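Given as structure tokens, the chain that follows is alone and in the form deposited without the ligand.
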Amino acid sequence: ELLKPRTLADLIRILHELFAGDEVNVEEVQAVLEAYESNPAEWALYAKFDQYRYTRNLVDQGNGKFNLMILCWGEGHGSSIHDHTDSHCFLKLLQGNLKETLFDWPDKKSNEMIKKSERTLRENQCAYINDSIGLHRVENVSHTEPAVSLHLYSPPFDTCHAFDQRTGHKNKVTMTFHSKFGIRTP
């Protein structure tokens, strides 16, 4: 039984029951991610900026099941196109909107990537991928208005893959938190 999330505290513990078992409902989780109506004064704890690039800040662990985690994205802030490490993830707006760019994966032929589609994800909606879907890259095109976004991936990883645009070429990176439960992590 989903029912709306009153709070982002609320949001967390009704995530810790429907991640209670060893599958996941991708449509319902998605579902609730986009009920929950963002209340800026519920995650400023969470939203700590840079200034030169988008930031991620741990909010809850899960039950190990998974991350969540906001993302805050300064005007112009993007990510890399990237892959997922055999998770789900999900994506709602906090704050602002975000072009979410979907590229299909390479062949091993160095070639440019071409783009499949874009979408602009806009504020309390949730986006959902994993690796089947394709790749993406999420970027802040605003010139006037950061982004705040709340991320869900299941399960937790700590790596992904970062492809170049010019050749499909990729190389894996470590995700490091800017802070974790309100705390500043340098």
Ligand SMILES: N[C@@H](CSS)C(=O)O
The other form holds:
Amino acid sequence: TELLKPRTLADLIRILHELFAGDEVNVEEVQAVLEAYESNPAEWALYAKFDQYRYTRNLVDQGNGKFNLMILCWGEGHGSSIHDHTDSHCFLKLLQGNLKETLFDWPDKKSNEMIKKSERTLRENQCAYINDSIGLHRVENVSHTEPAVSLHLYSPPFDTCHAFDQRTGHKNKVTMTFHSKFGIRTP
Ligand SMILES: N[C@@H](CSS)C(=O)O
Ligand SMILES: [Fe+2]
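The block above covers the form deposited without the ligand; next, return the form deposited with the ligand bound.
Every chain and every other molecule in the complex is listed next, the one we just looked at coming first.
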């Protein structure tokens, strides 16, 4: 009920366990708390494990089963597919660098080019929110010189989703994997 500024990543995690103690989710409250945590690189260095060729997903907390909290690491020019979020809430907070978020509408069943609804540049410490009822999105680090690090919370947890072909709107099921869990590389 009473939202306080998270002092550290650990404190944020404790607050998040409180916010997800029940069966529902106050989206605006979760977003405010995520936004209020000041990114401190020393606190999340353990999870910030990059790969040269694509972005990595690094599990931080399993939220007592109610959410997955993870850190995504985007090399220069690394980006995602256009994807949905499997009927889950999805929060994205920038911890380092910038990411471009492009929004798309759910495709009609006819094969057509997916045209962008809009785009925005998410900046350090800002927290965005998406869910399937809002639409689909692609997230990209368009920087040539700066890696980006983001903190993502999904509730309920999911490890599969759909990728959408921008040319047709065709979807394919994708299994998402973790690069690391609790700071441990999981090959
Ligand atoms: N949801 C994507 C990243 S963009 S929110 C993922 O979890 O891989
Ligand atoms: Fe996403």
